[PDB]
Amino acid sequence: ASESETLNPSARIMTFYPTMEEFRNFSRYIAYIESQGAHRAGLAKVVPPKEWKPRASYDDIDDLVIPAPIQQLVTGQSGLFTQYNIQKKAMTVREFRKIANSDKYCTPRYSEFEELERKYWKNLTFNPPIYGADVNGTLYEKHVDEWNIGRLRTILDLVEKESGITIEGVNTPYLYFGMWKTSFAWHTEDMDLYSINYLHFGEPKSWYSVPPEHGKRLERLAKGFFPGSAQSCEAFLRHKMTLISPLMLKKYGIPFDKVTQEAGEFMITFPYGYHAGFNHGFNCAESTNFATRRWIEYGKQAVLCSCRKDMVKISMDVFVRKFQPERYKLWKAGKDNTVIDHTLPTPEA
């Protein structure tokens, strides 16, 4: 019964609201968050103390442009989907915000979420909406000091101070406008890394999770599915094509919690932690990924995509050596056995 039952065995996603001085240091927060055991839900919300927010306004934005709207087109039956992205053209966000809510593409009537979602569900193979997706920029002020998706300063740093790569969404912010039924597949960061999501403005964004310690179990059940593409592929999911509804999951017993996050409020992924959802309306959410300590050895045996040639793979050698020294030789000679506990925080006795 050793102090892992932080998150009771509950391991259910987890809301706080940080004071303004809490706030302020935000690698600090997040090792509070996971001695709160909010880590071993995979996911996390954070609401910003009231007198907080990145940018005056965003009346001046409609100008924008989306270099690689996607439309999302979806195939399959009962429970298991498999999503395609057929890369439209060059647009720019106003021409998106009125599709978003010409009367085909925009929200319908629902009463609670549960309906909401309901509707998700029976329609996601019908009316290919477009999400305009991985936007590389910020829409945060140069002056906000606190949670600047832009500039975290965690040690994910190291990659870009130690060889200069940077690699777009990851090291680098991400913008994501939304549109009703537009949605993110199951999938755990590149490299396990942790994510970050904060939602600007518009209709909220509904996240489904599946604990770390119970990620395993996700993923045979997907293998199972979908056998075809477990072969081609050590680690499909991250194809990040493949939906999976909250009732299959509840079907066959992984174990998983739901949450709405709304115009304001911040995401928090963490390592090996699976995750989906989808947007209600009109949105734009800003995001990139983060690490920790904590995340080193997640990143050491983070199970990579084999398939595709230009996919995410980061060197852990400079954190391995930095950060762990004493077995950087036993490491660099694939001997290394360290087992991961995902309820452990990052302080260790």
Second form
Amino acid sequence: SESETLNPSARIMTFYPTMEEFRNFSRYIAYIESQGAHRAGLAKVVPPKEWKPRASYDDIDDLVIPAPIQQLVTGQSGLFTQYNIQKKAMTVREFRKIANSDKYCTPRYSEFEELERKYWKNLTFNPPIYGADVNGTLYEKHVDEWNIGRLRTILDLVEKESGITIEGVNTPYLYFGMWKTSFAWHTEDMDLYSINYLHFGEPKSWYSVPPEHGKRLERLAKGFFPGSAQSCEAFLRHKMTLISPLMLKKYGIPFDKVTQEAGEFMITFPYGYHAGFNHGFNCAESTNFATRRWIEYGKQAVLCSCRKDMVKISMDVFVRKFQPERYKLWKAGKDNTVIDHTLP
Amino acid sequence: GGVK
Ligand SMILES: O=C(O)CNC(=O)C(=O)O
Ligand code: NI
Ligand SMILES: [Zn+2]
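To complete the pair, please output the form deposited with its partner chain bound; the form solved without its partner chain was given just before.
Next comes the full complex, this chain leading.
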């Protein structure tokens, strides 16, 4: 098949759109999927040089991070659980001082390979503080291209039909990072896409497992954490589980890595597991989005069964609107559709 | 609903 020949190694692809290609968001997403980008689980988009979401980041020192989290990591030899201790609210100025202080700052290093080794060697020591999950945008109001606060995808059908706002999902989140702050192995809520823009600062490094080997990572994770597997049908959604790339290689799980630098977008695709860490003080904005291709993923997403506050989106509106033939069959519980991860 |  044509889709199977495109990005056959399911390697992370990087795109450099011109201003003209960049303008239409959902069309650019269709385009990168036409090149097989979605096979990686992650893609990088470098916006055109003369594109800017904000004039200056010099006025945000007084921005409140209301729920900073200290990240206590426990484990050894490639397998870790991250526990999140919430600290009292702090401003960006308070945060950046701590981020750059001799205590928390990025170690000296030659190339990324050495910084990555320092990450995996030291991540259970000196628990860092992540300014994660902050409600807001750093985009200026007038910015029409790739505006994370208004992408205009069909995910907008959720609020449109129901009025329901899900923070970070159909609203933007800001993430102020410092050295060694991390994000655990997860796919998106409801196996949605995510967009992630690094406004400023040091890089954010990412790992990704192709959606086509996603179940292979889950099988590994369940074997490594059998107690968690029995408690919850989707324990990785707790976003507590860290697994080093050496551990993935040891068990034959395909994965790729990429480093996002200030000014670049990352796109994660439905069912693409990703994890990563920040190099130093930075700020990222992020939200979820959807395309028609996400819809079967949404329908088949396995959700966390042990927390009451987890994200669940009714699929009803999407199946009625975009799969009217299958609606009654899906309702009778007899829709046997198999997802083909390569297909755009 | 929920929260991310
Ligand atoms: O930046 C972070 O801490 C994590 N971001 C994501 O997982 C994402 O955009 O999907
Ligand atoms: Ni994510
Ligand atoms: Zn759970």
